[PDB]
Amino acid sequence: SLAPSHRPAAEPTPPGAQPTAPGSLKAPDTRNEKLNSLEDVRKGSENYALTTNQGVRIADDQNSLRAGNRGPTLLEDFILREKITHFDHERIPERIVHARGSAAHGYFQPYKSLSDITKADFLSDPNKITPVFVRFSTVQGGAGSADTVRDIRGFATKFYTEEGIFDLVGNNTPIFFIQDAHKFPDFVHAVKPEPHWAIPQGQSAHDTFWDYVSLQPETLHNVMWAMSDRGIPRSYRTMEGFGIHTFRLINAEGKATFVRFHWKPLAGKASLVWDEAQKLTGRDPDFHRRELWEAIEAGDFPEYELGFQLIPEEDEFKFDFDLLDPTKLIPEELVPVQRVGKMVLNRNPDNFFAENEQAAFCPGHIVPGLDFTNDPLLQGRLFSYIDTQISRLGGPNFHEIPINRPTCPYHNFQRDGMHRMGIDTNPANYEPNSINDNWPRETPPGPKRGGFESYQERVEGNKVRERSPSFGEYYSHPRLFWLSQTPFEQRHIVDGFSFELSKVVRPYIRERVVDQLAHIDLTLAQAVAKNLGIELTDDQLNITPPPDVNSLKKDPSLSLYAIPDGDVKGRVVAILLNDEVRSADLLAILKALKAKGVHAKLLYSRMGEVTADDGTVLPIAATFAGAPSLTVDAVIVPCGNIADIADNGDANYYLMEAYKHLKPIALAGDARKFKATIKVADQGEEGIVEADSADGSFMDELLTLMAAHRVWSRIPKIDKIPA
Amino acid sequence: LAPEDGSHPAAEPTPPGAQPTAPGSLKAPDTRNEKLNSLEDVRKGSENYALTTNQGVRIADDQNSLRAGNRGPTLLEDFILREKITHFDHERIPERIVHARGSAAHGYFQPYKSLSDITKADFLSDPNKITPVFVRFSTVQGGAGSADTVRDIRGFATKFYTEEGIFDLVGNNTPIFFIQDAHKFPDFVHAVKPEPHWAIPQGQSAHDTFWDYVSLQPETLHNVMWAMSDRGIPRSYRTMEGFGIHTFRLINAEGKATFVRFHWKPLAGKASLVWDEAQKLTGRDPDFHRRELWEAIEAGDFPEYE
Amino acid sequence: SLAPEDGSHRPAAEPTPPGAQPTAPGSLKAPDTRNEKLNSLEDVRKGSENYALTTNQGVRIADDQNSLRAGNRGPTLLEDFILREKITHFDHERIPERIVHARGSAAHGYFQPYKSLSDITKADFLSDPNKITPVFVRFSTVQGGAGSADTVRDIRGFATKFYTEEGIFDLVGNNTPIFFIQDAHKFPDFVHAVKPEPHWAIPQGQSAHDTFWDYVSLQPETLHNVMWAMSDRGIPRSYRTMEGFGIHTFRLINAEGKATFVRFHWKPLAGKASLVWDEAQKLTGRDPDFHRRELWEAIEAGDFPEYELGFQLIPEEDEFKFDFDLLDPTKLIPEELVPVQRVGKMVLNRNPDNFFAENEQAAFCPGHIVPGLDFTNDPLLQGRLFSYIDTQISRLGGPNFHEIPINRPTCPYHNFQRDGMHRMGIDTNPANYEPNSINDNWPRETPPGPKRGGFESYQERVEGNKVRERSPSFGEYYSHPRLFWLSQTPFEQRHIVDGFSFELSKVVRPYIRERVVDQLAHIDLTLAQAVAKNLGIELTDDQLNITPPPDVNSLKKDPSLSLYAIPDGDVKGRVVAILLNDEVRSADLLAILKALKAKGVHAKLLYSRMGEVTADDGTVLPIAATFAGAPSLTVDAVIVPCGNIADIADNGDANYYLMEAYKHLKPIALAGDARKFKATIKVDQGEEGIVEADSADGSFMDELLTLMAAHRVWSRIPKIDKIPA
Amino acid sequence: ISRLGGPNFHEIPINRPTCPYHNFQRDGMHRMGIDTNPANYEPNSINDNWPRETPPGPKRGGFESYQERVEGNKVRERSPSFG
Ligand code: HEM
Ligand code: HEM
Ligand code: HEM
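Listed in order, the protein sequences are those of chains A, D, C and B. Read in order, the letters of the first sequence are residues 28 to 31, 35 to 753 in the entry's author numbering. Read in order, the letters of the second sequence are residues 29 to 36, 38 to 335 in the entry's author numbering. Read in order, the letters of the third sequence are residues 28 to 710, 712 to 753 in the entry's author numbering. Using the entry's author numbering, the first residue of the fourth sequence is number 420, and each one after it goes up by one.
Think of the hints as simulated: they come from the structure by calculation, not from any bench. Heads up, some of the hints might be wrong.
Claimed, not checked - Each computed BS3-like pair below joins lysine-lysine, with the alpha-carbon atoms no more than 27 Å apart:
#  : chain 1 : residue 1 : chain 2 : residue 2
1  : C       : 478       : A       : 73
2  : D       : 309       : A       : 709
3  : A       : 631       : D       : 309
4  : C       : 348       : C       : 294
5  : C       : 372       : C       : 709
6  : A       : 747       : D       : 149
7  : C       : 73        : A       : 478
8  : C       : 142       : C       : 372
9  : C       : 631       : C       : 560
10 : A       : 533       : D       : 309
11 : A       : 73        : C       : 73
12 : A       : 621       : A       : 703
Start from the sequences and build out the full structure, keeping to the hints where you can.
In structure tokens, the structure reads:
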């Protein structure tokens, strides 16, 4: 039964280099106080006897107890029943939303004290290090759904602070679909698989979603973000995070500052294109989950900068949108994002179910120095996140699940509940009590280590179910977003709408959405209608565009690519081998990739080994079909016996796929024969790196393109290629 | 809000893509059996009803929370909002430990002739005797949100509502299983399932722990052969075979026992995908088998098994 | 700043007698009392002192008196996360109670054997006299809910969790040596019958209703455990003063693979004592927590409950030697034919910190055995093994109930089991399956062996057809009820007659009553006639002519089946009520207390009011309770010293206390003028069980302590019918 | 939710309304009602928005809260008129 190696090195290694491992085995020296506090419940395996859950050693784990070798199984086999019972009861309900997610451990620290605007301990001192645990997610799909769907993305961060847990539960877009939490089930029911037949998974491309959008135009701003490349990010490390709601900062004087929370990716913003993303759901449904785990094992740590948009209290009415409306964004041109701190994810969990699946985040989990607002999406969220944990995690003691426990002290009069772990020794389970001298005791609010006290906001109104008239404007933020995109991003937004509405069965629904788009931008409205064979009426062509947002004609922070921010580190290249590789070419590629921290996968028509011309032996990471171009950032072909792969269907298709997906391609020497497969002229073109050998010049070319992420000049050429 | 022309489905058989898909009782009201009729008491309508709370209270405004003024904080006393969010917060139940991904439909079974000579099972007692059935088809490894056209075994579970009790014939699309003794089911299932540290990969046996177990346990090799074949990727649930796998007994009036193995034969015959096609289809439509089953029944192309 | 300045809120971490101080959780009450299970639980204990009050998330609370509201007189706000967490946790405090034995009381302890038993069993916990195993014990009733009374007429549960080096062993016993039914398949039928009736959910903690006696009448296998229940066994004085039994035959397995049949016995070192029914039924009113209280206080006092573990042992070749089937759980093995040899001592020396965390969540299953023990085909026991693991999935909310701290082994546990609700363990194992190469197949199987071996079943021969059929060897029902009956003292026999009579009187349909009586004619005619006469039923001539059942392997009687035939009394941990007056004779009270302290007997000082009285000599006496506040029901004996007797002589409650104690057969001691009370209980030369003297002479204290040693004054029974109490 | 094991406790018979009850709520543990509504959300056009909001009225109207004036600051504070 035994080992041969099976075991990965406990050192950073590149994707595919070694087998993946639990984080504590892979990187045992990677520590924070949260990671150390979990040692209590880590269970080892090596050199341990196999037992029952009651600690009884098992002699034979291959057989049921039966009356004779060929007899019936006996009721008295308690070893079998315990093992089957635990297996029969493994699953718990998945999250109603964001069921699909991937998580890792990390730490956060401030650049500088923010005591000026908040008395929150974790932002108080730039040498206090706060452990974090982060789950990224899709929204619509099940836990068993694909990563690279066209969906919103969740970005939930739990801070273990010295004065409590703070959960910042954000999405990768700065707004949300709906204004009031009362409509969350109608919206989620409409985007979810349809109730009769439970189709489709991880997709908004169905009737009930576009029906709801057509009748609820408050939706159109977050729809625009979804139909754009924001909807299909290259990686969790390459997307933005937003709190979405206005929130409050409270300082020691009781001054209230409005804030919006930002996460800025230091790896920069990168998205897929739709054909690649849709297909990547087939070839690797786990592509984001995997990219993340390997990036962290490789040492390419996900890094984010915390950003505040800050508005003083007297400025609440200064925009022509309402700050508490969560379908409106605050343009960075009006209010800039101030860098606050850095977050670094430097270690994977040990057990996915134990740590990721049971992790409970709540936007209500705030600390003194923060507070809420009357944003009515957020007001409703506060109730839900606690309510849902009672069924999902089997009771009100979900905070004693180890991933969830505070690192700081927690003492109160709360008692019992299912799976109670804490044994209280306090004579009293009530306050006020004399029998324990009233311990544990209330704490008055103060600058530091004070009890939580709400900001004393003035409330004046009647009890109403009424939407604020200040919320009833729906088109100007969709148009501000549209006008802020690069033409090629605009082309991608047109295509998202075109593709999803093309899957809508009822045409009256497709025509309705085209009418809303006319209220945003007639250029966009006419590009979508032409793709659906709809024709705008005169009334539609004469619809007046929405106002500017505070005189803004465009905001470039709203585009993924308008301002370059690309960093190549942690990206991967595909190298397509032949049976006699020119070692000179491969030597130089690997040295240039390594100096910039770019990983490579060596691929052939078969697994195992090939030999280079100087007799070096190359292990093959995957075949062409086994790891298609979908999975790499660029493609390199070195020289050798090119004839070996020149007539290979899979080798040819790999370049055609990458080319269609606008990826940089590098051909060395004879590999230029390959330019025929992708119909490139001898002179070549931008996006196709070519040379007699892979020189210093050749690798600089490849790496500069990789920094720009994709080759957008290629788009006019891609419609003709079949792939 | 409906279109004036009523183009928002016809209650008659229509081909795939022709009209929007609908619940079975709306699509085909004149299709009945005894089980479907017995379910009328729990069927809820919608047309002509006031929107209410679960307590039967009529809702005036379903677009808003109750708040202290227009831009006010939401109030705890809003029982209509809390009931709605609470029910939403509690929609999910645990999925099946195995065969979480599945698609089902209502049907009927009749025996060609009486089988009294070999079993006293009432549902096999007279020719043309109608027993209602409910059938669920499934993969094995994937969750409820995973793709239909994966490489896997397929489940073929039939619920027979007989005059003398429920008989569940719980079958697979191959005639053997991976393992000999039930004691090792959790070992085998943990092996083919997504790996415990990082929960990768979904709906595939193409990872180390599945083949490490197969390599150390050669009883697995017969079902592995079926799985590595085109049997592992059926073109349709309509186009695969069904098997009970175990030997059971038939018992007759006289108390005589006959060993038996169960088969389902598809009248539409055996057809499969090819791997590159099936892997891409998990991308282009992960609901392909679910959709096809549903549209085949709306079209009148009924899954028929012997 | 709320505690009193004299520090009277805090109890002393010293052994103190019942009522001396507030009761505390065990780790505060007795911090120096330790064992491996209790040391292992330190990691989950929460303190309180000098802690800020927070949310479960660690956020400090400024104001725990108020909900957040839009104004002073405003509506409450959804955004109040501190309110909702607090209420939410409160709204989800309760979990399902146990289907049976929902009412229970528990304590930590340790077990030690007298000598190595490694000749007959390879169980590590019996391997050496110096091997000390932590235990947690829960005693219970059966029928009632968690909120029902302790001193009901019912069976008591005696479940013991041994945390051994080679795994948890749960010995899940009852306080009688048999059960009501032969086959597990009928457990719900029998439990449904004794339980409250399904239409109106009546009655609680009582077998005295129609559906129970209907089931008994139609299932005579029940009659042997019913006799025990209708006896004084059904209402024990304390959990410390009852026997425990395994009930099933189990197996011992030694290193050679030799199998020895065993039946388990707990023998109480404090001896066997029981209430009488009138006292027991009344005590469910005066103190429904009486057993639970008595047990916590005995332990806080140092009066540690002690039991001796006993084995009845039968060679395998001896399986068919008796007149009854060893696998039949409605038959006992008489101590005359097979003796109990002493195996070890169990001592319960610490109370729990939190009743819900440790008692309510504790899970026992008789299927929890270790290498060196094994099952038999006892068809009641075969059925129990399925049920105890099935029930925990709902009751403890998932398959991870073993990770709840009380339930955790002290010994190591490693397997390929993963996930489930409230999963605590974070597995680092690359493999969640075996066989695996990726972790070198760890953790690994262990072959069976003399020490630290893997568990392997005894290779018992099985031959026969798949049948649902009761063994004809089980089909005898009357001879063990008869053996039990003839083994009882005549005063125990009347108590049995009165139990049947009282319970059947409650049965609304008379034919049910007549059928139970007809069953009794089959056990013994004397018992059968005494019941019929209390029910105004007349036995027919057929009934008068029923031939008695065989005796059991030639035994006319076994006296180990009687609570009292062979005395085993120990007065340590008993309680006397002392009835004060406003000018107590100091000399009497001084002598009384020093005599009780010397024998470890506790006292409570009672008056017509609370606070303090002054003795004749100026001594200040504090008052524990009023006569109504702590009635005679709650004590073993009553002592009235001399003084200003006139003060209490015409007190209604003071006279009733003497009459209640007297009717219930308790020892009563009167000094000096206190003798004038002899008139209320119609006693002058005096009688057995009334100790009287000019003063509390010390001979007087010797006479009283001797009576207490015999527990009750049985000679008194003929006199108590006259007394209206 | 914990005591009767999910959000469908209104479908336990003794708990059931005798009046009609229709909404967009779906699923939950032990769901008894099989909904035939093509829509599980509103506003919808696919079912013509059934079931529908009812305006408040003297008889058979929708529930609307009494429009009580709220004036105060957010406080955890006990009315001195209570003391
Ligand atoms: C501002 C818009 C929203 C954002 C950014 C947001 C963010 C998130 C995120 C990131 C998660 C996944 C957390 C995790 O990984 O465990 C989540 C889950 C959830 N959200 Fe939201 N959410 C939003 C709106 C809402 C609304 C309006 C509701 C209304 C009730 C809601 C209820 C929930 C629930 C019930 C879960 C599942 C909780 C669990 O099982 O732990 N969300 N949300
Ligand atoms: C020949 C071997 C087997 C076959 C053909 C088989 C077949 C099936 C099928 C078709 C289902 C899906 C039922 C549905 O549609 O809901 C299923 C579910 C399941 N099977 Fe198996 N199975 C086999 C072996 C096992 C074994 C050995 C175990 C456990 C020891 C097991 C445990 C389960 C469980 C727990 C489920 C989930 C069912 C539920 O939640 O209701 N199966 N099986
Ligand atoms: C001689 C026969 C039996 C004895 C001596 C016995 C003993 C006990 C005891 C002492 C307890 C309480 C354990 C505790 O304090 O937590 C108990 C509980 C229980 N017994 Fe039995 N029992 C017997 C027969 C049965 C049978 C036949 C069944 C079912 C097949 C059964 C099912 C249960 C269940 C479900 C509980 C509650 C389980 C739990 O929540 O832990 N018992 N039994």
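Evaluated hints:
no.: 1; hint: 478/C / 73/A; result: 24 Å, holds
no.: 2; hint: 309/D / 709/A; result: 25 Å, holds
no.: 3; hint: 631/A / 309/D; result: 22 Å, holds
no.: 4; hint: 348/C / 294/C; result: 26 Å, holds
no.: 5; hint: 372/C / 709/C; result: 46 Å, violated
no.: 6; hint: 747/A / 149/D; result: 72 Å, violated
no.: 7; hint: 73/C / 478/A; result: 24 Å, holds
no.: 8; hint: 142/C / 372/C; result: 11 Å, holds
no.: 9; hint: 631/C / 560/C; result: 42 Å, violated
no.: 10; hint: 533/A / 309/D; result: 18 Å, holds
no.: 11; hint: 73/A / 73/C; result: 23 Å, holds
no.: 12; hint: 621/A / 703/A; result: 25 Å, holds
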